[PDB]
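J.: The primary structure of each chain is shown beneath.
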Amino acid sequence: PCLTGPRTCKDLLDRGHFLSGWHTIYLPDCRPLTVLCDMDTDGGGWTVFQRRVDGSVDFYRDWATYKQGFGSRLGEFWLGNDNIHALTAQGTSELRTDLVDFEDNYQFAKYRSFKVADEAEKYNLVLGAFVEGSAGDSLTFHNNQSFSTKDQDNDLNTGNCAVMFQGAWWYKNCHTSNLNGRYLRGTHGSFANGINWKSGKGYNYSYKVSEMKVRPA
Amino acid sequence: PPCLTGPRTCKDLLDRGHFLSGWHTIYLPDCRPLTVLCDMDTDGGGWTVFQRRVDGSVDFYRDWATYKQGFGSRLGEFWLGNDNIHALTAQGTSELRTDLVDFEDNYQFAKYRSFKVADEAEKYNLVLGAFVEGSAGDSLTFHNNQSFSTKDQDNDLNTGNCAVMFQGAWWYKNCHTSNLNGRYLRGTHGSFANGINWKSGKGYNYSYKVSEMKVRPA
Amino acid sequence: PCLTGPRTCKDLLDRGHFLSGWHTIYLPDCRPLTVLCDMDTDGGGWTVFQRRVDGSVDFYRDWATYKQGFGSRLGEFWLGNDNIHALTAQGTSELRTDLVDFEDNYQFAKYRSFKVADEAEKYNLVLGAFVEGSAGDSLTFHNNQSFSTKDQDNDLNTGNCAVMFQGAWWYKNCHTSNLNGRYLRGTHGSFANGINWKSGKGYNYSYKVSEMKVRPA
Ligand SMILES: CC(=O)N[C@@H]1[C@@H](O)[C@H](O)[C@@H](CO)O[C@H]1O
Ligand SMILES: CC(=O)N[C@@H]1[C@@H](O)[C@H](O)[C@@H](CO)O[C@H]1O
Ligand SMILES: CC(=O)N[C@@H]1[C@@H](O)[C@H](O)[C@@H](CO)O[C@H]1O
Ligand SMILES: [Ca+2]
Ligand SMILES: [Ca+2]
Ligand SMILES: [Ca+2]
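As they're listed, the protein sequences go chains C, B and A.
The first sequence lines up with residues 72 to 288 when you count with the entry's author numbering.
The second sequence lines up with residues 70, 72 to 288 when you count with the entry's author numbering.
The third sequence lines up with residues 72 to 288 when you count with the entry's author numbering.
Isolated chain C (complex conformation):
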């Protein structure tokens, strides 16, 4: 199947798959991966590597777990850092972030290009220009930063950001966005440890839905 197999959800849309769902694709080295395709948002063809929807999965996970990926196809997941690297290493994927609050308001953020490096470079975030988006730009702040988890500190803070904000991210000192934070359901008293996006609903409101997804430029 690797021969002439689809490489991204875009190929799958081009080839006539118009329903959002899980399909297998073939990574550059030919490894088959089953991924979530968003065929609807902003013209479709997006590969979704992060989804938050209901609080059912625990995102406070170690480096090994973020490495291989975790969660469920029936709901919330992180595709895996090795997987994300592979999806974004060769070519130019743009990045969309879709956000939904509990009052059912939708907001987004689109970036001109998105790439994460291999495990040897700490899954370094390399992020292109902010394009448009009502959610406002809350990821540029994180550009060119290593990824970190509770058991592996690569931040620019004297503490551990992933522990202080109970998540995992390309934290610097510490964060403006925190989509892998705890599912706190709306406004929360604690500071910045929920699924947050500063420019969007700020450090004190934890989104209901979060999706992170890539498409070839």
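One or more of the hints may lead you astray.
[Said to hold, decoys possible] Result set (SDA-like, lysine to any residue): computed pairs, CA atoms no more than 20 angstroms apart in a straight line:
hint: 1; chain 1: B; residue 1: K279; chain 2: A; residue 2: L145
hint: 2; chain 1: A; residue 1: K243; chain 2: A; residue 2: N264
hint: 3; chain 1: C; residue 1: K279; chain 2: A; residue 2: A263
The set of hints was computed from the structure by calculation and includes no laboratory data.
Use these hints to put chains B and A with the ligands onto chain C, whose structure you have.
T.: Quick look at chains B and A with the ligands alone, frame taken from chain C:
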């Protein structure tokens, strides 16, 4: 353009011991593979679901193209696409079932001897057989023999645009007695007949919680 | 095909399926079966055979229907007794149960082993022994009874305990756990006919989430 290679319907799949509802691949007429939702439970099981509404998560007020190719998500609401549905019902003779749930969790249903839609050439003309039964009453025969319409394709019998007037996409006459691709208005609504409505069921001013349209070989 | 594909969800996790979802496996007799793998909980690699989550599937069913299996891959289901049998047939696997109340508190129970008797010998519950559950042991009391359903009495009682409590279970005058009971959606005014587990919520409260699952040792 039927495939003898493998399973042509959810019925075939049920027959080969697939007892759980879910997405499965069937083989249409030119052995074109399609992943479809099978209802393995309702009324003996083996129904292929081509329309599903559940939570209002997906926008159903879409244009011709979008309805032609299909839209939505396997995790939730979808319209299988008019090409797909035609392809599904062109060969043979399929029962149609409509299952409906209100927000008190009351179940209603309608059933029809046969259902097909013509190809795009003929505007996905609906061709419906006799009503068999159902607590929801018959709010579909009125639509027998009409072209499909969307908001950017008026093929109806009103001097206006039914799809715009009633925010949906359907085999609009002048205009309708069902509007299952209407807006998801959660129960009662004061607007007229622009919800997930079935006239003989909960009238023109109530929009259902769940709607499912499915076929099965007679 | 058969001699090269996985025979439990564990095998699939060892081959690098880190996300929970439906995958097909091959039983002892080479018949293929598509089962839900929990790749997440407790090291992952669990084949899930029962699942309650939203009360959308009628669990008030007969012998035949429990025999073949019923429900929706998208939601709630019973994998079916001769599958559950086929799975737990040759070898030995640990049963773990996972419960979640309508305020999002987690409770589980593990058992050294779990298997059901075949079509012939009714569906006799052959448990293992309790070992470390925050929801207590509400199943040891059921070890060694036949499965019974509204149309088949195999319990130790004058009336159908399954008709009494609208469930299907290894009953015996009567029950301490009613996982196939009704989804009475939390606090309820009838007795022992919800998705009940004594040690956990008592007899008049019905869980938000229930899952039973197995894994080799
Ligand atoms: C990928 C998929 O299944 N569809 C998601 C949907 O679940 C989400 O609620 C919304 C936010 O844009 O739309 C899509 O991103
Ligand atoms: C997976 C699926 O098809 N969904 C079920 C369907 O069996 C049925 O139409 C309806 C009640 O009839 O309940 C839905 O949730
Ligand atoms: C637990 C299980 O085996 N089922 C998965 C679970 O990992 C996930 O957290 C949940 C989300 O709805 O349901 C299923 O996708
Ligand atoms: Ca540090
Ligand atoms: Ca007109
Ligand atoms: Ca009895």
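J.: So, for every hint listed, does it hold in this structure?
T.: Here's how the hints hold up against the structure:
Distance hint between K279/B and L145/A is fulfilled; the C-alpha atoms sit about 18 angstroms from each other, no more than 20 angstroms. Taken as a hint, the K243/A and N264/A pair is honoured in the structure, with Cα atoms around 15 angstroms apart against an allowance of 20 angstroms. For the given pair, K279/C sits about 34 angstroms from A263/A by alpha-carbon distance, which is inconsistent with the 20 angstroms threshold.
Checked against the numbered hints above, the structure violates only hint 3.
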